[PDB]
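Asker: Chain by chain, the residues:
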Amino acid sequence: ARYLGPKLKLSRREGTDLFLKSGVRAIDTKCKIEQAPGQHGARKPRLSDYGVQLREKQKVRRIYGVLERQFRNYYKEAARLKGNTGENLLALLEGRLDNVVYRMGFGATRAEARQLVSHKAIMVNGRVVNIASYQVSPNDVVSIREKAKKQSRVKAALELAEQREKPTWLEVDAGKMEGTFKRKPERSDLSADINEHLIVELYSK
Amino acid sequence: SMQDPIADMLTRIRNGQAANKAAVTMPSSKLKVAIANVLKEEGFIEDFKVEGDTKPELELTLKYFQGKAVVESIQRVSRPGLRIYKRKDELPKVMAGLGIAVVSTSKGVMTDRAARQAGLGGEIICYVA
Amino acid sequence: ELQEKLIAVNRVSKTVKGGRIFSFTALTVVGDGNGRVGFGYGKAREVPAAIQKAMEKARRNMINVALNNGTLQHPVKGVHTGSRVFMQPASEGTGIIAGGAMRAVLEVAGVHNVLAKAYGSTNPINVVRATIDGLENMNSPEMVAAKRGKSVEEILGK
Amino acid sequence: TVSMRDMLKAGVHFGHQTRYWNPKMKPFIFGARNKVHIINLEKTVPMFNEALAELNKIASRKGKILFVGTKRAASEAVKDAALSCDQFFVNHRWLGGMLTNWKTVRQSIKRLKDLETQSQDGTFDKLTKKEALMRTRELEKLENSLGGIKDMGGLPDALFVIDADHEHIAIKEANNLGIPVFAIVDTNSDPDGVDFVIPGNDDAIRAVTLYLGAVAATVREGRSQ
RNA sequence: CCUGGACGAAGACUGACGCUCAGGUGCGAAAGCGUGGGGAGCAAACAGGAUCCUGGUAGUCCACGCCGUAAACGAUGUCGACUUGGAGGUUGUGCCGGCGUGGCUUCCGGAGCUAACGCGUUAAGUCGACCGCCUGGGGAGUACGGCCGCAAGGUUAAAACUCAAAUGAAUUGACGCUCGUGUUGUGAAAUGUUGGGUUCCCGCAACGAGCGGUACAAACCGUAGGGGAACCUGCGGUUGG
RNA sequence: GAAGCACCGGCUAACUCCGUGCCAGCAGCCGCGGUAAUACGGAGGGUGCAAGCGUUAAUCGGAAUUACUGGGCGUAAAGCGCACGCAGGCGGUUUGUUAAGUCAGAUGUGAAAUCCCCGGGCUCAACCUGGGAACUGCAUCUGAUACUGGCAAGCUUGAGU
Ligand SMILES: [Mg+2]
Ligand SMILES: [Mg+2]
Ligand SMILES: [Mg+2]
Ligand SMILES: [Mg+2]
Ligand SMILES: [Mg+2]
Ligand SMILES: [Mg+2]
Ligand SMILES: [Mg+2]
Ligand SMILES: [Mg+2]
Ligand SMILES: [Mg+2]
Ligand SMILES: [Mg+2]
Ligand SMILES: [Mg+2]
Ligand SMILES: [Mg+2]
Ligand SMILES: [Mg+2]
Ligand SMILES: [Mg+2]
Ligand SMILES: [Mg+2]
Ligand SMILES: [Mg+2]
Ligand SMILES: [Mg+2]
Ligand SMILES: [Mg+2]
Ligand SMILES: [Mg+2]
Ligand SMILES: [Mg+2]
Ligand SMILES: [Mg+2]
Ligand SMILES: [Mg+2]
Ligand SMILES: [Mg+2]
Ligand SMILES: [Mg+2]
Ligand SMILES: [Mg+2]
Ligand SMILES: [Mg+2]
Ligand SMILES: [Mg+2]
Ligand SMILES: [Mg+2]
Ligand SMILES: [Mg+2]
Ligand SMILES: [Mg+2]
Ligand SMILES: [Mg+2]
Ligand SMILES: [Mg+2]
Ligand SMILES: [Mg+2]
Ligand SMILES: [Mg+2]
Ligand SMILES: [Mg+2]
Ligand SMILES: [Mg+2]
Ligand SMILES: [Mg+2]
Ligand SMILES: [Mg+2]
Ligand SMILES: [Mg+2]
Ligand SMILES: [Mg+2]
Ligand SMILES: [Mg+2]
Ligand SMILES: [Mg+2]
Ligand SMILES: [Mg+2]
Ligand SMILES: [Mg+2]
Ligand SMILES: [Mg+2]
Ligand SMILES: [Mg+2]
Ligand SMILES: [Mg+2]
Ligand SMILES: [Mg+2]
Ligand SMILES: [Mg+2]
Ligand SMILES: [Mg+2]
Ligand SMILES: [Mg+2]
Ligand SMILES: [Mg+2]
Ligand SMILES: [Mg+2]
Ligand SMILES: [Mg+2]
Ligand SMILES: [Mg+2]
Ligand SMILES: [Mg+2]
Ligand SMILES: [Mg+2]
Ligand SMILES: [Mg+2]
Ligand SMILES: [Mg+2]
Ligand SMILES: [Mg+2]
Ligand SMILES: [Mg+2]
Ligand SMILES: [Mg+2]
Ligand SMILES: [Mg+2]
Ligand SMILES: [Mg+2]
Ligand SMILES: [Mg+2]
Ligand SMILES: [Mg+2]
Ligand SMILES: [Mg+2]
Ligand SMILES: [Mg+2]
Ligand SMILES: [Mg+2]
Ligand SMILES: [Mg+2]
Ligand SMILES: [Mg+2]
Ligand SMILES: [Mg+2]
Ligand SMILES: [Mg+2]
Ligand SMILES: [Mg+2]
Ligand SMILES: [Mg+2]
Ligand SMILES: [Mg+2]
Ligand SMILES: [Mg+2]
Ligand SMILES: [Mg+2]
Ligand SMILES: [Mg+2]
Ligand SMILES: [Mg+2]
Ligand SMILES: [Mg+2]
Ligand SMILES: [Mg+2]
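Chains as they are written, first to last, in the authors' numbering: chain D, 2 to 206; chain H, 2 to 130; chain E, 10 to 167; chain B, 3 to 227.
In short, the hints are calculated from the structure, not lab data. Please note: incorrect hints may appear among the correct ones.
Claimed, not checked - Cut-off 30 Å, straight-line C-alpha distance, at most; resulting in silico cross-link-like pairs (BS3-like, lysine-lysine): (1) H/64 / E/167; (2) E/156 / B/28; (3) H/69 / B/45.
Claimed, not checked - Footprint (simulated), chain E over chain H, 3 or more residues, beta carbon under 8 Å: (4) 13 to 19; (5) 84 to 98.
For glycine and all other residues, C-beta sits at the position ideal for the given N, C-alpha and C.
Please model the complete structure; the sequences and the hints are all you need to start from.
Answerer: The following block contains the structure:
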């Protein structure tokens, strides 16, 4: 139900940095990010309209660690909701509990944050939630339970979050190891390079 | 045999408009004048004149804006073979409101826009755009 | 400055007494994304040569299309020799939902949200011509307010 | 700018036979006598004066005017009136692609300037039984064809055409580039191809001079300032 | 001798009495059949002579009955209205050979239409009314059943199975040479380099440059017959030669 | 104590080597194999999914490919050989009321569940659930009557004498 293979292979195939590692080292220092994985990765072949759409869909899935069945349900909910389909799709993805943990800087990586959630170390509104896909509503306070405040993973992840750009739709309190989900992020609040209309067109077909 | 005079009225308009005609003349009738009045109010034509009593003939003045026909698409929707009646909430919007739909309501002949304001359905005489 | 896309490449052939002579034909579409789009049909013997010819033809012979913030003013029907093309304005966030040939034309023209369908023959050169024909005859609310004697308020607000 | 009676003397009212009549020219025909259409001189004067007024406006703002005349009489007539207004002309056969193939036409001009240079300044003094005579034949043919556009070096801002039906090729090239077209449209021509239509007879030699004289003088008047 | 339809001029008169039509009814080339005549020429079959020719039966003709099929075609159902124009034929009629006004008809051609060809006021343009008919090729308009017929057969009309094509139009070739640009065509492509004269000139949608019948990738339709049948013949029709 | 399956000629995301040599085989279509096969079998690598993954069957979609919305009939399949004509379909132009079609409003009904909207409860989801909307319908009543039809007079352009 997860991907347990090499992380940098996914980033190399997509050509960009998927933030699958904590970022202590530069991405090019650990792999040839400009070259695709495999024997024939040095060559750069053509890519059709379906290829770029599939690559964009695989990009966001591998960013948030979501398989196809779970991701497809997100598209149906996004297309069912009011307003923009692509913006809702990113908002639904960004609202995942593990994503909120990673964005608030409790886990160095979303995969690490996924493990933190699964091991019953994340308390949402005083309630232990270990479901990675569990959605976080605005004005909800997530926190590290006192039993998990002795782990060095939480302490180390705070420094990495400080170096990274701090989201404007979230509130972080590293002293208390708790955060507040202020609001749903907008399209501008996220990375512009990600394309959502390609995903919408791909899932329409 | 001429089994639809209303469609013939539209055909004369469409043929004359495409042939860069100055005016189109046709036999007149009570319904034709009502239709021609609606077109003039919306500005799809300039003016209509009715001449004669024993054998009335309707005269229509066509409109050209910039070397081009103003009436680009005039279509007979309801026909004697297949009558078309729509309710107020089913009234079509031609070109998302840019065009008009001549609707025969119980209070007379008007456009689809007026019919929605008056809350009246009826027979869709033609589409004008 | 303006976006350009290659749609189709085909290998054509002619017969001479010596033998068969081959060539490559490339269909491209260009546009600025702000309501201007043109299509070009290059014809050479080498594929890189043909695509450059198509871009040169497409760069000129452009048309101007009114766009309502990335969508069509009203649903329209584009018709060419064999292809029937139906295009329809869509809400914000729907994206370009059209065929392979139609999608390229609408992207370079600046159309972002649109519902489109192709009927009849789907030959790429005929489809793009119908799409170009279907967009050039589309009239903005100002244009219909110009032909008729009413202002924009009377056309739509009334 | 020309009285109706004067145009009658010039033969502007005269037209072709009704057998070859163009239906598009119906509004511009007064009638038909002796199986010959008569051009309504009343319509011509306001159209010609407005066409002349537009020529004054575009010349004064430093445009460029090209004259196209290939008729037997009009060929020489246009050239005499062309230099008076200091504008460009095409007396001989209009070569297909003069406007469309401007890049190719430019190379023909570049050939001509080098060709005249050797015979005027270069002083080649080389015959070889082949080179000199062929170059002179090249010079004489190039001068007849592109002699009137040597000083232009660019796309003409507007065109003046005689016998628009005979010069349809030039009109088609101008319509592709958006260049306004002025033409003397006879009864058998196509008026839809011209922007400013001048319903006059293009076959009468005296009429052509009246057209050219009234046009060339206005260009000088507009360019005088 | 009897009789139908059409058209024109000028009125009178009736006052929507109209249009289209499933079933139905009648009509319906040639061939073929029934009954009785007729039979010159021509001529399936047949007989004989040759490597087509001679002879000649049905049939072709007539009266009546049947058959109801054709490439029965303009491969375009009928009715109505509207929409640029030229040339001609054929019949009216009005006015002073001219000058208009009708009906039918032939060619050319604009917009428009069409995949192209092409159609183009007699539309395959623009609309309306109604009817008929089609939705892969072959099997097959065949089998079975019904109906009709003296028979030939006609009409209505499948399925199994098989193939992934069959087909239309147009193009390029077969049976000194190219490019660039431009132009025509949806396109393949053409123009250039299609013509006249003598490599050259001129004309020229080209301008310049670099170089040296095909079912290919007479035919057919309906019908009738064959014992010198590698298919052929009689009759009428079609050009899809 | 816990990762497999299919695919990598095009359509269709992902390629090399080896063996084989129109053999063995592959195959939804186009089609691959007779000596360098990215199409066979194996390996390496890669891609697509994932406690599933392929294949087969069936329906719908794509198929505007039975086209009501939304197709055709000169030559691609398609105008009956032609005509008359019953039933049928449709029908010029004025008034008068008829209010059947149609139109507007009201009333009754259209079971619950389901679908959709807004919330709620299961740590999330599936699932469960509150309230709506919808249920495109039918019937009765009251109106409007421009159009269509019925009825009664006409009118003359259609059609006829
Ligand atoms: Mg699962
Ligand atoms: Mg949405
Ligand atoms: Mg869909
Ligand atoms: Mg209709
Ligand atoms: Mg092909
Ligand atoms: Mg198709
Ligand atoms: Mg095809
Ligand atoms: Mg193709
Ligand atoms: Mg008689
Ligand atoms: Mg009477
Ligand atoms: Mg009377
Ligand atoms: Mg019948
Ligand atoms: Mg008979
Ligand atoms: Mg008979
Ligand atoms: Mg007989
Ligand atoms: Mg007999
Ligand atoms: Mg006998
Ligand atoms: Mg005999
Ligand atoms: Mg003997
Ligand atoms: Mg014989
Ligand atoms: Mg005999
Ligand atoms: Mg004999
Ligand atoms: Mg015999
Ligand atoms: Mg006998
Ligand atoms: Mg019979
Ligand atoms: Mg038949
Ligand atoms: Mg015939
Ligand atoms: Mg037939
Ligand atoms: Mg007609
Ligand atoms: Mg023709
Ligand atoms: Mg057709
Ligand atoms: Mg079949
Ligand atoms: Mg049979
Ligand atoms: Mg019987
Ligand atoms: Mg029997
Ligand atoms: Mg039988
Ligand atoms: Mg039978
Ligand atoms: Mg062609
Ligand atoms: Mg072209
Ligand atoms: Mg064409
Ligand atoms: Mg032939
Ligand atoms: Mg036969
Ligand atoms: Mg014969
Ligand atoms: Mg015949
Ligand atoms: Mg055929
Ligand atoms: Mg690929
Ligand atoms: Mg080997
Ligand atoms: Mg090998
Ligand atoms: Mg191979
Ligand atoms: Mg495969
Ligand atoms: Mg293999
Ligand atoms: Mg592997
Ligand atoms: Mg794998
Ligand atoms: Mg399981
Ligand atoms: Mg299916
Ligand atoms: Mg369907
Ligand atoms: Mg239909
Ligand atoms: Mg069809
Ligand atoms: Mg056929
Ligand atoms: Mg027929
Ligand atoms: Mg039939
Ligand atoms: Mg029959
Ligand atoms: Mg039949
Ligand atoms: Mg009849
Ligand atoms: Mg009847
Ligand atoms: Mg009736
Ligand atoms: Mg009526
Ligand atoms: Mg009434
Ligand atoms: Mg009622
Ligand atoms: Mg009532
Ligand atoms: Mg009601
Ligand atoms: Mg209710
Ligand atoms: Mg549903
Ligand atoms: Mg709950
Ligand atoms: Mg909940
Ligand atoms: Mg519920
Ligand atoms: Mg409830
Ligand atoms: Mg309710
Ligand atoms: Mg219910
Ligand atoms: Mg009332
Ligand atoms: Mg009534
Ligand atoms: Mg009534």
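Asker: Indicate, hint by hint, whether the structure satisfies it.
Answerer: Do the hints match the structure? See the list:
1. H/64 / E/167: holds (22 Å)
2. E/156 / B/28: holds (26 Å)
3. H/69 / B/45: Satisfied, since the Cα-Cα distance of roughly 22 Å is no more than 30 Å.
4. 13 to 19: Since 0 is below three, the answer is violated.
5. 84 to 98: holds (count 3)
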